[PDB]
Amino acid sequence: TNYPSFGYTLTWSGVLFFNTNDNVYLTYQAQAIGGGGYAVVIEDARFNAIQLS
Amino acid sequence: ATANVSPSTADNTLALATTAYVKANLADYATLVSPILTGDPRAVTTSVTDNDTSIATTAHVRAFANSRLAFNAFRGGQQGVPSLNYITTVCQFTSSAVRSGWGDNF
Amino acid sequence: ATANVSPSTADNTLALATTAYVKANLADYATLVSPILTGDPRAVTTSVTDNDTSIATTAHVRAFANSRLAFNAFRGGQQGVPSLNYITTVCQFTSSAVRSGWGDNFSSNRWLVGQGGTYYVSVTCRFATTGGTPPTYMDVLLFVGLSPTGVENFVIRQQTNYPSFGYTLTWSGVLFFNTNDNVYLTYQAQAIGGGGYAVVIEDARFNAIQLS
Amino acid sequence: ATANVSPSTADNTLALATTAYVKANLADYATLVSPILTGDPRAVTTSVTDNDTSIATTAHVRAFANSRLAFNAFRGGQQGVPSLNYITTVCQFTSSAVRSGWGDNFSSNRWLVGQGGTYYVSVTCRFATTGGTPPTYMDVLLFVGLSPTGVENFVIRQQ
Amino acid sequence: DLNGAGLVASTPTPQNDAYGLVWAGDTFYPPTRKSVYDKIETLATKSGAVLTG
Amino acid sequence: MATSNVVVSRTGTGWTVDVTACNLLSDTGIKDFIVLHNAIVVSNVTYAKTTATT
Numbered sequence: 320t321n322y323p324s325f326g327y328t329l330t331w332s333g334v335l336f337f338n339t340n341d342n343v344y345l346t347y348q349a350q351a352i353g354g355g356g357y358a359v360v361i362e363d364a365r366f367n368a369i370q371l372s
Numbered sequence: 161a162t163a164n165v166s167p168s169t170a171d172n173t174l175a176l177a178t179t180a181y182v183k184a185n186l187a188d189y190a191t192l193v194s195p196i197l198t199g200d201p202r203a204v205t206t207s208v209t210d211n212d213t214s215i216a217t218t219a220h221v222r223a224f225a226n227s228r229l230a231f232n233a234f235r236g237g238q239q240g241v242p243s244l245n246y247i248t249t250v251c252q253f254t255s256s257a258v259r260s261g262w263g264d265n266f
Numbered sequence: 161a162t163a164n165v166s167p168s169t170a171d172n173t174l175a176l177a178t179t180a181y182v183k184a185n186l187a188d189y190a191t192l193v194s195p196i197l198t199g200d201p202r203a204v205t206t207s208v209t210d211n212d213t214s215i216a217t218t219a220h221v222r223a224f225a226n227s228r229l230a231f232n233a234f235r236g237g238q239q240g241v242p243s244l245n246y247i248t249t250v251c252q253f254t255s256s257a258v259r260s261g262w263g264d265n266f267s268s269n270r271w272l273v274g275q276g277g278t279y280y281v282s283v284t285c286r287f288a289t290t291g292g293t294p295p296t297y298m299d300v301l302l303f304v305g306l307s308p309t310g311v312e313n314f315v316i317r318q319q320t321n322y323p324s325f326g327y328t329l330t331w332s333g334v335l336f337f338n339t340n341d342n343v344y345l346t347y348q349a350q351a352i353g354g355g356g357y358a359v360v361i362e363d364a365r366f367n368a369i370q371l372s
Numbered sequence: 161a162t163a164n165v166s167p168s169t170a171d172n173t174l175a176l177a178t179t180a181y182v183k184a185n186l187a188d189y190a191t192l193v194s195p196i197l198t199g200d201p202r203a204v205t206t207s208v209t210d211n212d213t214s215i216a217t218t219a220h221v222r223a224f225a226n227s228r229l230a231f232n233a234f235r236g237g238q239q240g241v242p243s244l245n246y247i248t249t250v251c252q253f254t255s256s257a258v259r260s261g262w263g264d265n266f267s268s269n270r271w272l273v274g275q276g277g278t279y280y281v282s283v284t285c286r287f288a289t290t291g292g293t294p295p296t297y298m299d300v301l302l303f304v305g306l307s308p309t310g311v312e313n314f315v316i317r318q319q
Numbered sequence: 108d109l110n111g112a113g114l115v116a117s118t119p120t121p122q123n124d125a126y127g128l129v130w131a132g133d134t135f136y137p138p139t140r141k142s143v144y145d146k147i148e149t150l151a152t153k154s155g156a157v158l159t160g
Numbered sequence: 001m002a003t004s005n006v007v008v009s010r011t012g013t014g015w016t017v018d019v020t021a022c023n024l025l026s027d028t029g030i031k032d033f034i035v036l037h038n039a040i041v042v043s044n045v046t047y048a049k050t051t052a053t054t
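For the record, the sequence lines run as chains A, B, C, D, E and F.
Numbered by the authors' numbering, the letters in the first sequence go through residues 320 to 372 in order.
Numbered by the authors' numbering, the letters in the second sequence go through residues 161 to 266 in order.
Numbered by the authors' numbering, the letters in the third sequence go through residues 161 to 372 in order.
Numbered by the authors' numbering, the letters in the fourth sequence go through residues 161 to 319 in order.
Numbered by the authors' numbering, the letters in the fifth sequence go through residues 108 to 160 in order.
Numbered by the authors' numbering, the letters in the sixth sequence go through residues 1 to 54 in order.
Be aware that a few hints might be false.
[What the hints assert, rightly or not] Computed from the model, here is a short list of chain D residues facing chain A with C-beta under 8 Å: (1) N226; (2) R228; (3) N232; (4) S282.
What the hints contain is simulated information worked out from the structure, not anything from laboratory work.
Positions of the beta carbon are idealized from the N, C-alpha and C atoms, including for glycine.
So here's chain A without its partners, still in its complex pose:
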């Protein structure tokens, strides 16, 4: 985005393969260019799984 003062929302949905007893983590990487004195915040986090097999 070019206007982080409002920010932007990343959403995604798709199929993945996991094995039993695996530890699944949601991870992110963030980059800011310009500005000053700001703090980057993440919010409205939703993370869920529906079994298919």
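Once you have looked at the hints, place chains B, C, D, E and F on chain A.
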């Protein structure tokens, strides 16, 4: 071949039973090979994790179908990003729900 | 202990039946407890909403798994956004379908939940600008509400610098709903720049998958 | 009304069976109308495509729930676009899986649907630029179609 | 002849079509005798083949 | 001789059936018929035969 008058099917007395009576009474019972159940048959509802030839009931089907949601987690509020420069950060969560009976944990 | 020669298991005449004959005939029939059915057993297909210990058939399983889609509504064409400045507006739809027998309903702008529980909801809406000078900045808020002005479940907000070509906001996720709940799709729009333009909503899709 | 003393329900001898004995033995067996099956009732597991009044087993239910995923298509790696200027281009795929027995197939670029109906479709792809000076602007349209140039369902446009 | 001699189970319908690309990835349908005959009439035999062209 | 399935909707027990279209064997002892209740096969011993047509 001793013979006797066939008693009525509804009889439950001490009178001697005949082969005709036995066949007439058995006509009302389901065979072990390819029966056609009629009315409202009931069977035991097995475990939701059951995966064998056991009879599946409507409650079992409902449980298996609504157990497809493994987990769902939601975080409200703001979490500060600890570091820039493409440093991988694990997102935290405040509330979570998981299905019970499969060992799933969040 | 009077006795007689056991007749054949196929005998169906006035001959006296013996206990051995009775056991031989009953050997081909299933018990109440733990019967191992063989061949092609058949049972009645109950209602899709049936939730008891009765036996479910293959047709019942198929119908129940097919009735997981609570509702699906689609609008093509363009509808003009009546007001800018982050004013909540309800998305109206042109076509809709709902699952039968569960009490779920869909009006022109709203979903009546027939069975409360967990639902997987996906929302997609396309906003564009038609006529005049396109705005230099376009920002869109999306909510799933319990009222026409409801903002209960915010889903996604996005910004773009080229509203002339239009852009889509898409989202999917798990929500909780109760019985007889009125679910609305609501949007807010704010455009800065340009002039003589009209903001239009198109390609609207709103569907729910029941999970529990 | 010729009668005899009722033998035990467990008797399996040549003694004459009585009507009460027959009824007592039949009380242990399931009737055709509304049987109450207890213990561990079992039947033959049917094919996943079975759609009739046959009893469905727990294994059949699990298999049918598993076969809800029609097809999966996953391309890792990279490929460049053949042409710009809103020319409809088919994205090929490298790896995939399909449900068995339902007729669905998927080759390097297309999905042959086994059975018509309602499908929940999910699509995701990333566009970038490689080499040279990156362009100052890029607009993208995504379609799911019924032909090489199918434009039947246009889903998302981003800039 | 009145009632019947059996119940024929449902089978995927053979497609006439033509031999080619569509035959490469079909694990569900059987070919039509007409198509198999059309394709095999342009094939050389092992013994006494009269090759043309 | 040509036969035809005779379908008749009735309720209860203790009633007669006209099976002239079925063209059963003249022999009374030979019970060469099968009874179909609600499109499921049932035992035919309960149906005593007196006349080849009734």
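Here is how each hint holds up against the structure:
no.	hint	result
1	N226	holds, 5 Å
2	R228	holds, 7 Å
3	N232	holds, 6 Å
4	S282	holds, 5 Å
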